[PDB]
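Heads up, the chain below is alone and in the form deposited in one PDB entry; it's given as structure tokens.
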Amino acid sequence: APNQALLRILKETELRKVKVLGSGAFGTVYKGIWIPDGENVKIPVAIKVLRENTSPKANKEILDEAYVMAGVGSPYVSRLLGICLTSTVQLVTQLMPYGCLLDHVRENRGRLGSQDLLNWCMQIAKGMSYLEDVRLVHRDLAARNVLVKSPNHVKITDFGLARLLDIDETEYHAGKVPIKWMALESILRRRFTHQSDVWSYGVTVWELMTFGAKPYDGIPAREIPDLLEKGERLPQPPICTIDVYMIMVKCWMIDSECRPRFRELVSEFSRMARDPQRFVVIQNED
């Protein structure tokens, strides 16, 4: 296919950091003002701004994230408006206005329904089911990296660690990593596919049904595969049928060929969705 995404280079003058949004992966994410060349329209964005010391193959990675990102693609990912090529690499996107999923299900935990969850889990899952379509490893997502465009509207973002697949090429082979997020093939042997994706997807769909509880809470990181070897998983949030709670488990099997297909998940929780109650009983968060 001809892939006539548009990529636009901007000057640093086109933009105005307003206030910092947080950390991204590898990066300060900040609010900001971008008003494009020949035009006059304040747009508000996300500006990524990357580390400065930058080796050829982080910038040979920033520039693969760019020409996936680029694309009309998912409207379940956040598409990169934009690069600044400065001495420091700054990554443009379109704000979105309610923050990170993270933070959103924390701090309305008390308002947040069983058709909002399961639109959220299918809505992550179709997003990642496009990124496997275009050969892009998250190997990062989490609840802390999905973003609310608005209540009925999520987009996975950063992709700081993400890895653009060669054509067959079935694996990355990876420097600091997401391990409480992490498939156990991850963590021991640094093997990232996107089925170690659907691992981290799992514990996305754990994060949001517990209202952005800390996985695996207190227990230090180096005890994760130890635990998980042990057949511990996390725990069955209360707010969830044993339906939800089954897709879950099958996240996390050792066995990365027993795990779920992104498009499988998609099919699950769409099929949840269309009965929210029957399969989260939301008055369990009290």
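Positions refer to the first chain, counted from 1. What we label the rigid core is the largest C-alpha set whose atoms superpose within 1.5 Å from one form to the other. What changes on going to the form deposited in another entry:
- Of the residues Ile219, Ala70, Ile254, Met246, just one CA atom moves 2 angstroms or more between these two forms under rigid-core superposition; it belongs to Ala70.
- With the core held fixed, the Cα of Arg163 is displaced between these two forms by 2 Å or more.
- Relative to the superposed core, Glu12 shifts its CA atom by 2 Å or more between these two forms.
- The Cα position of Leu85 differs by 2 Å or more between these two forms after fitting on the rigid core.
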Second form
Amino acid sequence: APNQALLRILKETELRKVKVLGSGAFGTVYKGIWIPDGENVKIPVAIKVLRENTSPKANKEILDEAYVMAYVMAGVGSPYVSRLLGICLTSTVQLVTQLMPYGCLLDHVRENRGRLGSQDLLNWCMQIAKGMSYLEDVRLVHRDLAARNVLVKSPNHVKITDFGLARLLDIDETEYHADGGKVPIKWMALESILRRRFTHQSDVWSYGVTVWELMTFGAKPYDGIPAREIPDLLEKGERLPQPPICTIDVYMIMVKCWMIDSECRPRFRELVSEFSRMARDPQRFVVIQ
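Structure of the form deposited in another entry (previous: the form deposited in one PDB entry):
Just this one chain is shown here; partners and other molecules are left out.
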């Protein structure tokens, strides 16, 4: 039985990096193997190495938040939210989770543009809503929900990751990198763009964009529109168009997620109930070819 207030430290000799999976502003993700000493098991893992030349103020903010969430979620997790297995300390901080062998949901839907099932798409919408409802219940705001930050364990099972990560990068005149990366304007609630306000209700907006990504098999939201134009087009009432495979019932939920009045957006518990109803009767709600 793991002790919820303790941290599991993995020795560097118990971990092997096999492949670079990708990277972002704050670290590099590797596919790896965890072989716990004194056992006869091997665990496929993902290893996120925090960037060495990031400002120490920034890396403390990121790791402190990771710890806070890890201890909040130790008591009881969610099947639909990634779980920290342990950390490896070398010259670098290496955060270790179970490998999700079908990778990023964005890549999964783009690779399978043709052959994905209506019931699977709706089930993933439900599971993402369940993961987000868990984060809201333990008082954690995601701040960067997107199809790139949902992982595929199997066609039966997705998990949210990279929650409570996104933040302004502290920078210096001469030392460290100054690559804060691009602001994900095209996923953000208007109040997040205008006022840097991030709440459970701005997560609901991003959830709407994530569902749109899934239902379009990974189309790029507002493709070809300069970021500077986004807040004005949102205030004028322009929105992402209805995905061809969707009924109006599904699109009405997406549009409610993008209400300027955050209090008019759905609650994650309502999104769980709506997508559970639709996943049960998929032929009523989504039609592929």
